[PDB]
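From just these sequences and the hints, can you work out the full model?
So the chains spell out like this:
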Amino acid sequence: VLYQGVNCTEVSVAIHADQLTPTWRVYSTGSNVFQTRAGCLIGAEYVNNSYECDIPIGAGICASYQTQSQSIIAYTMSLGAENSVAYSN
Amino acid sequence: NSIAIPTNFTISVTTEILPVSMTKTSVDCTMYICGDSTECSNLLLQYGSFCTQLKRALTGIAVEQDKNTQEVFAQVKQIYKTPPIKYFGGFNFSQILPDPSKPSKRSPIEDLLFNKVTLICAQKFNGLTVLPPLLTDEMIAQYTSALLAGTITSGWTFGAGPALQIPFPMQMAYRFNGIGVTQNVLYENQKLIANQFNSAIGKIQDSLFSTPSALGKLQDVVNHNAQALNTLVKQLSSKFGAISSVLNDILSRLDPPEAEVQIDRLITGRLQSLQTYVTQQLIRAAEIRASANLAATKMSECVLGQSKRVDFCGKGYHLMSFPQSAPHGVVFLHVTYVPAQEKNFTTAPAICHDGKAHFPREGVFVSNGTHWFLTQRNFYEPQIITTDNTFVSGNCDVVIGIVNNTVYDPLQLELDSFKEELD
Amino acid sequence: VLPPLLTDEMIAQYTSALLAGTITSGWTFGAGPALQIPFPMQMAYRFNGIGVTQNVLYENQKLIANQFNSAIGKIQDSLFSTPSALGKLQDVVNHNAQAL
Amino acid sequence: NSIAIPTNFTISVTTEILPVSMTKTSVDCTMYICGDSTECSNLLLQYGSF
Amino acid sequence: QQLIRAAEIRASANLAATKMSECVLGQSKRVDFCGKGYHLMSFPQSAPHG
Amino acid sequence: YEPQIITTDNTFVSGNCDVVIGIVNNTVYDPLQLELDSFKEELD
Ligand SMILES: *[C@@H]1O[C@H](CO)[C@@H](O[C@@H]2O[C@H](CO)[C@@H](O[C@@H]3O[C@H](CO)[C@@H](O)[C@H](O)[C@@H]3O)[C@H](O)[C@H]2NC(C)=O)[C@H](O)[C@H]1NC(C)=O
Ligand SMILES: *[C@@H]1O[C@H](CO)[C@@H](O[C@@H]2O[C@H](CO)[C@@H](O[C@@H]3O[C@H](CO)[C@@H](O)[C@H](O)[C@@H]3O)[C@H](O)[C@H]2NC(C)=O)[C@H](O)[C@H]1NC(C)=O
Ligand SMILES: *[C@@H]1O[C@H](CO)[C@@H](O[C@@H]2O[C@H](CO)[C@@H](O[C@@H]3O[C@H](CO)[C@@H](O)[C@H](O)[C@@H]3O)[C@H](O)[C@H]2NC(C)=O)[C@H](O)[C@H]1NC(C)=O
Ligand SMILES: *[C@@H]1O[C@H](CO)[C@@H](O[C@@H]2O[C@H](CO)[C@@H](O)[C@H](O)[C@H]2NC(C)=O)[C@H](O)[C@H]1NC(C)=O
Ligand SMILES: *[C@@H]1O[C@H](CO)[C@@H](O[C@@H]2O[C@H](CO)[C@@H](O)[C@H](O)[C@H]2NC(C)=O)[C@H](O)[C@H]1NC(C)=O
Ligand SMILES: *[C@@H]1O[C@H](CO)[C@@H](O[C@@H]2O[C@H](CO)[C@@H](O)[C@H](O)[C@H]2NC(C)=O)[C@H](O)[C@H]1NC(C)=O
Ligand SMILES: *[C@@H]1O[C@H](CO)[C@@H](O)[C@H](O)[C@H]1NC(C)=O
Ligand SMILES: *[C@@H]1O[C@H](CO)[C@@H](O)[C@H](O)[C@H]1NC(C)=O
Ligand SMILES: *[C@@H]1O[C@H](CO)[C@@H](O)[C@H](O)[C@H]1NC(C)=O
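Chains as they are written, first to last, in the deposited numbering: chain A, 610 to 677, 689 to 709; chain B, 710 to 827, 849 to 1153; chain C, 860 to 959; chain D, 710 to 759; chain E, 1010 to 1059; chain F, 1110 to 1153.
Please keep in mind that the hints were generated in silico from the structure rather than gathered at the bench. Heads up, a few of these hints could be off.
Stated by the list, open to error - In silico contact screen, one side only, chain B against chain D (beta carbon under 7 Å); selected entries:
| no. | residue |
| --- | --- |
| 1 | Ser968 |
| 2 | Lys969 |
| 3 | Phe970 |
| 4 | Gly971 |
| 5 | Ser975 |
| 6 | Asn978 |
As the list claims (entries may be wrong) - The following residues of chain F were derived to be distant from chain B, with all beta-carbon distances above 12 Å:
| no. | residue |
| --- | --- |
| 7 | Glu1111 |
| 8 | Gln1113 |
| 9 | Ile1114 |
| 10 | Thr1117 |
| 11 | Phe1121 |
| 12 | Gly1124 |
| 13 | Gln1142 |
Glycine included, each C-beta is placed from N, C-alpha and C at the ideal position.
Have a look at this one:
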């Protein structure tokens, strides 16, 4: 889930205080809470590896279901492979 | 019988600014109409799926805006990089290429464009939110850099197959042949052309920096979105015939029946305000889509190619274009060939030699008062009239306005140089 | 109803300028300064553009001029005779009138 | 192995008609809804900036 | 309704301007863009609202 | 890629050697002169 426009600290506090309006809870264990510019993403593990975008989240960040068993992984999307052109005179 | 032919030329750079994307908004329909009020929400349920339709319309717009950005900028198969030595025949691209010394890795022109146009939605935070773009400004800058590196090092090859390196002056030589000017014009005048290009780019920076209205097309989009949201928020203060604009006061003083009447008046007014806002956003989205489709077409035909369409890629004969990223849009720098310093020459449709009509193969017959020469149409370069430069079709009498002049056949003179006496 | 910013005379002047430019300079005036060229040579270049050699125009110049003049006369007869020829503009006028 | 090639040609002129502009209109909102009526205008003010 | 009509007229005007630039001020290789046949040249004429 | 011999028919001449930046030295073959040479120049 993505809580849009909110800090992960505010969401965590609202969870601990039993203030958040929806009554469902995501496990929200270690490494599954990641702060994006779009909002607080809970239930996805951020990886440094960049991959092509699958499910867009926002502000450059995408997520997909990957084998690492499998889980939902959040990542910064790749724009393409690099190709340095052998330019010369 | 009078034709004017350029004896010089100017390399000109013009700027075209196009919107690509619109601010992506979302609305919590229930919070806007019936914020923190159960009674109002229950009355709102009797109007059917209006909030659902409004949500779908705004979601569709947001997705469309990401589609527009993706279609305009993500047109390159690979992220291309320039060589470590920024030497391209004497052409200076340092003002359009990314500057590695600054964060965001944008070019000087892109920084100017970003500075001229003006995360947490502290303002208008009444159930109205703004979603970030899917691609960040850095990602757009990377696509622009890849497109520039591709164009500079590979010309149009990378846009229709694999990227193939070519020296930049030869890329220009082919672009000159495209407009209809021979390669030797570029090579003999290569330094002049590079100097005119560099001057034109400096003028682009001075023009955009000096004139505050240069980017009005993008600022108008930002301002119209701001006005639409300021109006939508302002409408919450209207009473629409109710005793009060605040639902909490209506519920605080009145019993359910009267509160329901006053709330229905407010629900009707707020719902009309949201329906108007969404309709306006859909119309604006259609306009932005058309602009984004034009920008993508120009990206493909002006930057990844060379276009023969008049005024499509700027005024003059098109040579090449360079994209630059801008907030909510794209700026194209169009490099064109502009004829200059024309001279008036006498012309003729054909030359009569020995009863035969000679026509130019690739050029125009001109006369400098006393002598006839063949020149290319877009650049004065007189050449001797020969059997290689012209073709023969029909007799002399048929062409209207035909003139008498010698057509030189190199073969016969060469044969005459070889002794005909034999003994 | 607000008047247009450009009057019908101003639009006619722009059209006349465009016709004078095209007729006397071909495409040169649209991408740089206007350069005069004799009209038959402008057509010769237009023929090369489509992929027909210049001698076809010059040998058949009178036929081409006659066909052009005939076609223009036919344009006037077609537009004058058929009341529906301009429906695309009349529909705009009618839709604005219906809306008001 | 058969190709057809023109031996003659015709110069043709066709007509294309395109709209460019629409009648420019303006509306006095207050006069249309509440013409020459102060009481109606005062009620109209409660609907906000329509 | 006027905004929707304005969008349609804008699209038409943009097409007319493109045709003015590519058909009248140039020569176009685009099939059927500047009429049927191989394009030679075009001439504009003013008309009410178009 | 389709390599061909550099000839006076494949290329055109404009200006002298010195003006072009990066010009290289290579033979340009003129078929006419070789053909002429095949036709006996001795005459006797
Ligand atoms: C390609 O062009 C750039 C400029 O367009 C050349 O780099 C240097 O850019 C600065 C821009 O600021 C030029 O002016 C400088 O301005 C500051 C004040 O802003 C002043 O304190 C400096 O003394 C200088 O005047 C600078 O002149 C320019 N360099 C030169 C040699 O003119 C870049 O060198 C060009 N690349 C090549 C390969 O020529
Ligand atoms: C075609 O036009 C170009 C310009 O559009 C001509 O090049 C220009 O030639 C003039 C005179 O030679 C240059 O002016 C000189 O500039 C130097 C700069 O240091 C200055 O010291 C001199 O006192 C004088 O002002 C001008 O800069 C130059 N422009 C460029 C861009 O190089 C060219 O000669 C013309 N060719 C023909 C055949 O007409
Ligand atoms: C190619 O086609 C054109 C027409 O599209 C041919 O020109 C036409 O030739 C005929 C016969 O020579 C002309 O008809 C004659 O017109 C005169 C007018 O005074 C009339 O008195 C005669 O009794 C007869 O009707 C016709 O007008 C003419 N069309 C034009 C526009 O000039 C041309 O000959 C054809 N060429 C070839 C090689 O097939
Ligand atoms: C037209 O051009 C021709 C050749 O381009 C000019 O003739 C040359 O003029 C120069 C003048 O210094 C002489 O040195 C050459 O020997 C001339 N060559 C020939 C073949 O005549 C001619 O003068 C030019 N005329 C005008 C009016 O510009
Ligand atoms: C080009 O030269 C030819 C001759 O080679 C000219 O033809 C002559 O024109 C005169 C005009 O009075 C006639 O009397 C001769 O009988 C013609 N001779 C031939 C062989 O045709 C022709 O007029 C010249 N054209 C121009 C424009 O000067
Ligand atoms: C191409 O060949 C010419 C000679 O035919 C070279 O010109 C000579 O260059 C040397 C360089 O030191 C000079 O000393 C000679 O005086 C030049 N002679 C002439 C007649 O110009 C030219 O440099 C060669 N070019 C290349 C790239 O090798
Ligand atoms: C969230 O709050 C912490 C509090 O220390 C702050 O450091 C962080 O920058 C905040 N992030 C956002 C996105 O608001
Ligand atoms: C191209 O030539 C210039 C001449 O100054 C030189 O500095 C540059 O290094 C050359 N490029 C390569 C790739 O050798
Ligand atoms: C064109 O050149 C001729 C001389 O060749 C001159 O008489 C005429 O006035 C010139 N026209 C213009 C517009 O420069």
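Here is what the structure says about each hint:
Satisfaction of the interface hint for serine 968 of chain B is found here, the shortest Cβ-Cβ separation to chain D being roughly 4 Å, below the 7 Å cut-off. Nearest Cβ of chain D to the Cβ of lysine 969 of chain B: about 5 Å, under the 7 Å cut. The hint holds. For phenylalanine 970 of chain B, the interface hint holds, the least distance from its beta-carbon to any beta-carbon of chain D being 6 Å, beneath 7 Å. Evaluation of the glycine 971 of chain B hint against chain D yields a held restraint, the C-beta minimum of about 6 Å falling below 7 Å.
The criterion of a C-beta within 7 Å of any C-beta in chain D is not met by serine 975 of chain B, whose closest approach is roughly 9 Å, and the hint is violated. Violation of the interface hint for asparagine 978 of chain B is found here, the shortest Cβ-Cβ separation to chain D being roughly 19 Å, above the 7 Å cut-off. For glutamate 1111 of chain F, the shortest C-beta to C-beta distance to chain B comes to about 16 Å, beyond the 12 Å cut-off, and the non-interface label holds. Every CB of chain B is more than 12 Å from the CB of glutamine 1113 of chain F (nearest about 17 Å), matching its label as outside the interface.
Here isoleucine 1114 of chain F stays apart from chain B, with its beta-carbon at least about 19 Å from theirs, past the 12 Å limit. Not every C-beta of chain B lies more than 12 Å from that of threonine 1117 of chain F, the closest at about 10 Å, which undercuts listing it as non-interface. With a cut of 12 Å on Cβ distances, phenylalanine 1121 of chain F falls inside the contact zone with chain B, its closest approach being about 8 Å. Separation of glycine 1124 of chain F from chain B is inadequate, the least Cβ-Cβ distance of about 6 Å not exceeding the 12 Å criterion.
With a minimum CB-CB distance of about 8 Å to chain B, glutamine 1142 of chain F fails to clear the 12 Å threshold, and the non-interface call is violated.
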